[PDB]
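**Student:** Now for the letters of each chain:
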Amino acid sequence: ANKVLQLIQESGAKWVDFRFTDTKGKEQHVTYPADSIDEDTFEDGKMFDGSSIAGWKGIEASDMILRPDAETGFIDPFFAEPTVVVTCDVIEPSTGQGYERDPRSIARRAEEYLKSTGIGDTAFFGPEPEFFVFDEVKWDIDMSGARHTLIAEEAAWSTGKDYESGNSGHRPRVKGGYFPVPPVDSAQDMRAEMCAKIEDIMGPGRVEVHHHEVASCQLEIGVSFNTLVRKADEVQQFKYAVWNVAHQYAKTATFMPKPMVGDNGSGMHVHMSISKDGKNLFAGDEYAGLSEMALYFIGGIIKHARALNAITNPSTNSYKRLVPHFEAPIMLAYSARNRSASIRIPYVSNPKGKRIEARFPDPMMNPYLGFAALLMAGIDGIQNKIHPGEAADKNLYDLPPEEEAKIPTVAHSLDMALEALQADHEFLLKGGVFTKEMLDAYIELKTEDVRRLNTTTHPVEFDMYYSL
Amino acid sequence: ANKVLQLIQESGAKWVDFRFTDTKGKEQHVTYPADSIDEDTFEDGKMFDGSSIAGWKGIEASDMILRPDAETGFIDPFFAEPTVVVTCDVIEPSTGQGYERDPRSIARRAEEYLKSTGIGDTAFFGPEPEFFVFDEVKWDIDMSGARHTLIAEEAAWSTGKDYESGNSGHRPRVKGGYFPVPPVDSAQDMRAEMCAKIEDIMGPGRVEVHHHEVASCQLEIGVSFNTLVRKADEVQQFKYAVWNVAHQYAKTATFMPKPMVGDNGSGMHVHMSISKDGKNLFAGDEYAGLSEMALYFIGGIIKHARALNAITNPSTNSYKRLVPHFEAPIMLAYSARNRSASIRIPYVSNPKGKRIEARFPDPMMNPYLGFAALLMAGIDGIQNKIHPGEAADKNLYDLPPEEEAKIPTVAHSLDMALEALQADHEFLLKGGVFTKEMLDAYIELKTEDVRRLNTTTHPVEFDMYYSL
Amino acid sequence: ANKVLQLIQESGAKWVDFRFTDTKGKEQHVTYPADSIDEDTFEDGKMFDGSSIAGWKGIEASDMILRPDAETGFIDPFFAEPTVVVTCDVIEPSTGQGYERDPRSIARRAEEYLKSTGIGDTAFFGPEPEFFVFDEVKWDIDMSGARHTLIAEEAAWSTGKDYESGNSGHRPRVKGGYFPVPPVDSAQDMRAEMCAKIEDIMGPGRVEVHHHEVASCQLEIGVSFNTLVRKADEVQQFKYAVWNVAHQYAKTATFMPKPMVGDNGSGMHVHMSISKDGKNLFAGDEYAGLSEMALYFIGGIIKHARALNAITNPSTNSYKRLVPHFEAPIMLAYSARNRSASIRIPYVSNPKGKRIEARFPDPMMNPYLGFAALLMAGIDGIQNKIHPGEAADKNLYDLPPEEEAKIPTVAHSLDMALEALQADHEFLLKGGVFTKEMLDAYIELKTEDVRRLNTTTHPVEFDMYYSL
Ligand SMILES: [Mg+2]
Ligand SMILES: [Mg+2]
Ligand SMILES: [Mg+2]
Ligand SMILES: [Mg+2]
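Residue numbers (the authors' numbering), protein chains in the order written: chain E, 2 to 469; chain D, 2 to 469; chain A, 2 to 469.
The following block holds chain E by itself, in its conformation from the complex:
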């Protein structure tokens, strides 16, 4: 590979880390010496067993090392070691979505199923994943019970706790960590290092902004928008960076939504634009400078949202975030200037950008699978000229004139989201981007997560039911 192989030469690296992504959206890695890696290897690939997506088949799939980009020197590890975050998973014959389905290939499929539709040359995604960093996190589940504890200095409740260096008393109050200065912020240099590591990985520029999110211990770093299968890869790399930098500060990072109860959850707003021969088609004048194309994109999403939630909100925990609150994207509507609207139109102040922002996804979403599903739903909108309705700007979450009551909402539970997907999977199967078998599997696999939650008695049930 021009990128990879040359990088190997320049780095004098002895080790090459093949990284791919599982159905649940967890990056995985296997490490090879540089000696085995040739240009032909990008074609031929390196083969391996299937133990996460598949089973029974005794599957001996191949890791077709993908080449352009994602050729990043492993910033954290000691020995010079580039990564190939680009490892599409191919069956032995039919060079295709390996195991049940390789997300990256599903996303590649969707890449083609946009030019093929002749709607657009490229699609651009700009996710805003939120994370929490804690000092330490502990949990256990037995017959004895279930228990989980968050530990952090910056935690709102840490006033009154004893510390080695002493307690500064300077910490964010609940919900009140929106940008206060460093005495209380107690991050900054960490975020900076995170940013520096990102730049090592993806490239120069790319990192837009770093700020403290509302909840105690909650941070946001902004990464530039990119095409799918690029941005998707970069999401995984972002996660990696923040995890490891935190670890170097003896702290732990989690992209889970609502880890903390009674403060803000972590959400992954997804900015979206479509381009054709380098013109953003979302530009127009229909709503606040939106093309009918964009309006159709919207509203396809609204139609298929509940089903989309399985993919965009694929964790039981996601629905802890999706509760009746303001700044909670629960209500399926669109408005540039309304919170609680599931969709927002960010003020581009210039027709060039014209993104649309979907606030309902959380970082638990498999980037590949998630971005793809949004597109499929989006284009179903355009194809079937699905009207997004009229933009509700006036009321976030307030009185019911029957209307807001009548307004559709996002899914209440993963259970429900999976039932939704069962009903409405057609748009995905378009272009053969999503095979039914994959969807079947996915749903069953995710159901085990649901099973866990539903089976395991919750501490709160003691509170409600113990003495009845």
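Be a bit skeptical, because a hint or two may be false.
[Said to hold, decoys possible] Chain E stretches covered by chain D per the calculated footprint, using a threshold of three residues with CB under 8 Å from any CB of chain D:
no. : segment
1   : 37–49
2   : 73–80
3   : 133–139
4   : 240–246
5   : 435–446
Note that these hints are calculated values from the structure, not bench results.
All C-beta atoms in this analysis are idealised placements derived from N, C-alpha and C, irrespective of residue type, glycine included.
Position chains D and A with the ligands against the provided structure of chain E, taking the given hints into account.
**Tutor:** Relative to the frame of chain E, chains D and A with the ligands by itself:
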């Protein structure tokens, strides 16, 4: 020795560590000054007493310092010190096996026997030994009772445990921990160091891959295939490297199978090939690119498997791995695409280097004895044109269509495996590779292991029987 | 029931504790009001569910309350509560062994089959169950490992231990503690109370002797022989008494064999006699006052012993006691004055008390199932005139003629015993005493015990295999 003696000169080493292997397969060492090491030493050798090898009278035996491939530089000890990882153990009257039997000699024989039978000039072995690394391990047995505890940060059950740097929460789930990214992985750097040490010992290349195995705390490093004897020497060196690198990380490594219950045990798959005049004899068109030769090799293994188990699975603990879980390759048959198959045929993109994999051996095998046993049984197959029967491509396990009931299995216990060996030792005695006296000794010595287990009450015998 | 119902009247008891035994030989109980209990109850019985074994379509089975030999006025509980130590379990269709098979019924069956063959009117059992009493006992099995710890002041390894009232220094040495006087022997007083409670339960006399057994903390109380079924009921009652009296000393009792390794295990010798017209059939002038009948009884037992072991030694732990040692009745032969002999002929002085003693059974034996199986095997001997061979009181294992290898031994493992039973169940099936279905179930149930042991890594495996 051109290698050794020259290395001594080049290293400016003051000491040479002579290493051999005991019956039980544990490398042993004695250290002599380099001044004592001349060319004549290689012929004459150095004298020493008899322990473990069951010497017992006629005690003074000799260490024929051999020449290993780049006789390891210290790679761990203080002074610069070469080790001659190879030191064939030679009897006072004559030259060959000492006391009951030197494994290395047994392996030297059988190298010859292949050529003697004229079926091939060279035999190729490529083991995949799995190991665990724990932070710490404790056990004790008294009259009071019998107790063992595994301690590790990366252990899946360590969520909720207290640590100095504080609990990261980032650790493998049970059976998960197949290739997650480093926050969870933890052992990247350590595996890398292990690899580096291996290369110090066995020189460049030689290291195929490093990944995290399924079980929490379980790691795999891939080492290149080699001839019998050489590969056996390299197995010992691999074990040594991983042990010591772990020790430098203040951790402990064990090659025992199933130390941890209810997650994967550690197994040593053995890739095997026969070559004659530098051509892969296993390549053909009989089954999935297999020569009749290979098919016959397979048959013999299958026939003698239970007896083979005494050598390939020579620990009571081995049989904790070899269980009805369809994961455990207990069923004696062959297929490229079947997990339950004791023997698997790996997909080779090119017919050169066609091999067969025996998944049933575990790292407790004394590689010398055992590479040997595989060959002897293999060639008995070829010699008697033993047909392996049909390949079980269809089904690993179903609602028992009888069939699976009728399917042959490996052995249930070391006890049984030793009984098996007693009955079926003939193939081994061919070539005089294995003396009866050696087998008789082996059996008795390993019986003491069985005695221990069967004599000592086990904690579970309290679970089941205490209140009865 | 004359006795039960009257007892209820006399006691002014408000409660009746209906007790039966499971396949595994553990007393079970349900407690019902005395108002619920009429004469009709003894005919009709009370219904209950089956989760114990033989999960059916549904297990509506009936507890035929069975007026015992002295239904116990009870002794431990506060409110006066008679127990009907007997409750045969009866199937709704018909009235026989419910579920797989009620042991008590199976035992009654064997009582009848004796008379059916006309060999004898009555069969007599006198078991000598040995137990340990410890101050406290702990164990746990996790992924972390396996542990178990025995704790007692009297334990021989407590010589150096710290005590509240201060260490006396006066305790049994290992194996010593065969009848030292009370300063060392902690159990006078406790054994006495145990005896007193037994008399409460089984009425006056009945208790023959109380002494300290060899091993530290090991005690023996002697209870008079009785008929099959009666004695099996009394076994259960004896266990109950000693358990609960110990609990009143804040201590714990276990009838498990070999709880403590490297001192004596706990064994249940079964003295056996047959009568017809109130005349001892065993008395004669064959050998040490034995009738040919008795000699034939012996033969059958010896013939079927390995299969008998499934019943007489039904715990994996049993084989910790049945280990090649002196004082360990592993050898299948008979003598008056020779140990090592599985069967012994006790010195009666006056015949009519002529018995045979089988020393190989342990207290894990289901008394009902055990007594039964011994009879069936015994009478198969008589029926087929199976010759016991020569009495081996010549010499112990002191002289191995190498024919000692050929000398038959009891089973080495529960696993083996179950394989034995599979092969040799015919004697049991005679008279329809034992259903095939019951035996088939039994075998499978006990296999789970074997599975446990074989699956769970033992502390000692760490000792042997960890650092290899
Ligand atoms: Mg934000
Ligand atoms: Mg935002
Ligand atoms: Mg006794
Ligand atoms: Mg006795």
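**Student:** Checking each numbered hint in turn, tell me which of them this model violates, lowest number first.
**Tutor:** Hint 5 contradicted; others consistent.
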